[PDB]
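Novice: Following the hints, position chain A against chain B.
There are 2 protein chains.
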Amino acid sequence: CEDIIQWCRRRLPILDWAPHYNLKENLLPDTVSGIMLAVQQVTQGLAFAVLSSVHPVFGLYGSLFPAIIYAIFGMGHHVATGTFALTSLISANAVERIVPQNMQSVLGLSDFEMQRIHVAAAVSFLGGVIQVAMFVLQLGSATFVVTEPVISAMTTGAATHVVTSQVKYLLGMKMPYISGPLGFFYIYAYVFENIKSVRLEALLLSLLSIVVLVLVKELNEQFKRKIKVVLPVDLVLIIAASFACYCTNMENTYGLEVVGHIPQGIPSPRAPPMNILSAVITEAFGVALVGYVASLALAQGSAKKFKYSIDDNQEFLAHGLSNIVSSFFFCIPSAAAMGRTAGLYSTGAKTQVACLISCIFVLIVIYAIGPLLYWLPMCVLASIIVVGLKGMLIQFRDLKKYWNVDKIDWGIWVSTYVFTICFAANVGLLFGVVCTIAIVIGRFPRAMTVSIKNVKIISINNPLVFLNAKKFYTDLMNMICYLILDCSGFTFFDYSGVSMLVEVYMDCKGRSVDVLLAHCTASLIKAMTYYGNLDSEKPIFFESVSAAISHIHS
Amino acid sequence: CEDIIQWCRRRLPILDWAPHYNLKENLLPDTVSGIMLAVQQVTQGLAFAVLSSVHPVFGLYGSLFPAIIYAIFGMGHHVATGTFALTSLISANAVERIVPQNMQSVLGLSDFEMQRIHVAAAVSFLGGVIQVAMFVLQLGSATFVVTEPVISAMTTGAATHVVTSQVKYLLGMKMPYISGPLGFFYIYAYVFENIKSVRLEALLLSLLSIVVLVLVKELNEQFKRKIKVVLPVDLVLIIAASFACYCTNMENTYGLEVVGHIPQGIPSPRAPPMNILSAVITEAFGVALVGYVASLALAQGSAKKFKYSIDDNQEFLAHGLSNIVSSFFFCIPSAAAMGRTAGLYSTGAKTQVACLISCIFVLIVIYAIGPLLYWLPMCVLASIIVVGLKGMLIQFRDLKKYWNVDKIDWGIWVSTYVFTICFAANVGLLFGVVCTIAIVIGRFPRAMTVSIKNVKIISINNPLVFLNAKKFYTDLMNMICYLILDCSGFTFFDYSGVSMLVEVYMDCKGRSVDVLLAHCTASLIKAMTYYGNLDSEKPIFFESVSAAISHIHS
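Residue numbers (the authors' numbering), protein chains in the order written: chain B, 21 to 124, 133 to 482, 502 to 527, 570 to 643; chain A, 21 to 124, 133 to 482, 502 to 527, 570 to 643.
Bear in mind the hints are in silico, worked out from the structure with no lab data behind them. Heads up, a few of these hints could be off.
The list treats identical chains as one, so a pair stands whether inside a single copy or across any two.
Stated by the list, open to error - Think about it this way: if two alpha-carbon atoms lie no more than 25 Å apart in a straight line, the pair counts; the simulated SDA-like pairs of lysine to any residue are:
no. : residue 1 : residue 2
1   : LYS481    : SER635
2   : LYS335    : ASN113
3   : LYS335    : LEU623
4   : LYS615    : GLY168
5   : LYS256    : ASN42
6   : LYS615    : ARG471
7   : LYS518    : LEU613
8   : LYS517    : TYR336
9   : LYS503    : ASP575
10  : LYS245    : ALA268
11  : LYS517    : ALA475
12  : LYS481    : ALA636
Excised from the complex, chain B in its bound form:
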């Protein structure tokens, strides 16, 4: 009765912070964070919808719709759901495979543009369905398999992949869709083979914009104590570039790529094309895994920093519901990006309200100044993206820590980074997880099982399992008229451990060495008595080492 109501209330985390909303504190920083996040989301959506080989207008919908669903069903406070180019790079494979370039209407867009957004929407819907399906299980309670070095290496490799996917806009050249197990080097080979087609105007503009952005963003952070605000350099740069492009004929005099139409939209929702759900299984799995792990890392970091507890299983439901609901409005797969979380940290956001004022501003942009973004050069947008990827790219400094701490996760980090830079992000994540599991499995047979205490007393550590049964037998045999075994920490065992213990007892009896147990539990006592046919009228199992010592003096 009441338990069901409590469960239902626990599945709606918006009821825990909405009635407790402070108006004196969390209204001005929330609004400022909302405006900054709105600008960030607009830019990132426009830049990452193109990265997925999809018309840029759908990036606004992908940055607007899932945010509300996450706000309703999400537990993280400083998590802003958006486009997350990592998933765009995965969806682009399916989009370009199902509908390639050779075959070149609800919003006035020409055909061959619907056939790509339909594939993207199907991918997002399947990813959301998968996320909800592993939410209804207890998946999420087992998320310790993914480790900090693995996520760091995968994110750094994906950031490098995104950086190398924007050079075709900074230089101004045109490239075909190159992807595969070694596309990172093929892209540079193509760039260097056609080095005579690089436009100087686009390169100079990109260099100037990058220098200005880096200088402003560094000087603002260095002297944050004197100016207690965040300078909106991106908006000023965008406005200046657009006005310079419009006031001149820079579209025609110099060959430059600009954002095409961005029509006023939000059309009627339509169901995804369920008939192609069988051709996008791998993309859906990759999206549903990488987006979830990347968002969960940020949510856990926020929870640790701001001293609150989250649930690793509610994020599954939140992300799955957001993807499923947003798939009906022609949206690409969605997740949480590190840049928006860093911006929220810097501005000083407090609650999830800042993710709704940004939605309001995105709606205003969609319905009011949609056609006003025609004169924005693509070089400026690419420079903004590569500057914003600084937080992801700076993670190379963790190598010193991993080298000075363990020297084993250093190798895992290097291997995961290499595999991510070669094949892809999802392959790198899978390789890192498998390598971590194999390494932790292979270390058990090479560790000492028993310890010697100052008639000898020998203490067992704990997990006497099939991983370290033969090693335990070897360690105990290499250590020999009496012998006491302290099984205090020993609580975790299986058939192999019991068999090895009984064999040890039998062999020690053969060598005329008596073995007495000290702190055996009830289940272990029952199992050892059954397996070895031990009589209950002979003192073997005791309750403490002192009791065994007292029994010795007889």
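Specialist: Then chain A, alone, in the frame of chain B:
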């Protein structure tokens, strides 16, 4: 210098027991075991060459050739390499897929029989190459992953599969090659659909032979103390059945299947058809894995019973070399069977000489009485096989032990048996291994990490890793002006453990609780000092609990 010679001598284990061969003791039981094993090998080879959809004459070569190679390069004493129907069931898939029945000379055999033995030889060669390849690595030092319940369940399921593959001979009907993910039930469905074609004569003969064999083999074992020998009932039954078939016209008067030609052979060796090595990858992997695990189980059992030590990596080289060498003589994949090991145990064999007298007798059979086995009915051979599978089929009694000991390997046994009876032996083995690894991984976060000793002292058990870092933090936080941590067993850690320890120390300092370490090693001390920026001029790390207690009194 000398180390290389020692390594080379260690790769030839025949030099350790040949010069030390006793002639007074190990000559009569070795000869008796040799004769019995020769009869066993002849029967099993003739019955398992047909099971692989291959002419029965090659079973003799498969039982003769690899035995010598194993004797030279093998470590087990009571291990007799042979045909091992488990591998025949796997090779039959490739044989029937590459060369199906619809297309129906070195030894006078007709065509379409060379195209099948070539595929079988290629499969065996690839399996041997794979086994040697994982021998040149250090694979074999990691064989603890496979557990006793998994091997028992896989062997029982394979024995049931072999039993259900011999009903078409006991009944006398004819069946097409049925195989797949559910062939076990399809075979019985076909049998029951054509129940009107069952021959009564073959059924009666099979029933009489089964009853006689079971009664003799039970009465010989029950009263072994009065008669100190092993009754050769199989040879007497074979001779009687052959003479009854020849003296009558049982081939013509009643429809009966008999062994066809068995020509005098051992032709010139020929290389396998390397051009089809790409179509038999899965079969080769399955054979090389299941044969090795099944032979290693028997070798380890013999070593444990007879008190000698073997190497888990030399068996790889022995089996790989045996398969590679025997592939050039038109042989099916080879491994070790449990029935021959049980026969060697019962007879009283002592060394590997008993595996060479059997080879001599098999050679004599091949070159002398090859054509004399024409009049042996197939029902008698199938009955002999199903009677000999008793040792494998009796393993159902381990369920009581697994239920009374752990109740978790009981579920693993049941699941592995079900998956083996449904799909196949190799799929069942893979499922069992994966399930065991996943179960042992998932148990770590649910076990208590720290223990309380009788200013409180708390002892850490040992593997502070990513599996149980959050659980360790929760356990330590649920247990709170002073606190001592005994890291005596603690020797196995990584980055996650160090991070959790430092976070625990920081949080306890925040709660005004002092944490003092007791038995930290050098590497752990260095890592914890680097990670937490701990000053070396403050007493934190000690050498014993008594030292910490003495430091307290100040």
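Novice: Next, verify each hint and record whether it holds.
Specialist: Now for the hints, and whether the structure bears them out:
1. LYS481 to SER635: So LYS481 and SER635 pass the 25 Å test inside a copy (14 Å) and across (13 Å) alike.
2. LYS335 to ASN113: neither (40 Å within a copy, 60 Å between copies)
3. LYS335 to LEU623: Close across copies (24 Å), not inside one copy (53 Å); limit 25 Å.
4. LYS615 to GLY168: neither (35 Å within a copy, 34 Å between copies)
5. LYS256 to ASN42: within (23 Å within a copy, 94 Å between copies)
6. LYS615 to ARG471: between (30 Å within a copy, 20 Å between copies)
7. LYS518 to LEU613: both (20 Å within a copy, 23 Å between copies)
8. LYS517 to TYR336: Close across copies (15 Å), not inside one copy (44 Å); limit 25 Å.
9. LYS503 to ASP575: both (11 Å within a copy, 20 Å between copies)
10. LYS245 to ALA268: For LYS245 and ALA268, only the intra-copy Cα distance (17 Å) is at most 25 Å; the inter-copy one is 98 Å.
11. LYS517 to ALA475: both (12 Å within a copy, 22 Å between copies)
12. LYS481 to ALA636: both (16 Å within a copy, 16 Å between copies)
Checked against the numbered hints listed earlier, the structure breaks hints 2 and 4; every other hint is satisfied.
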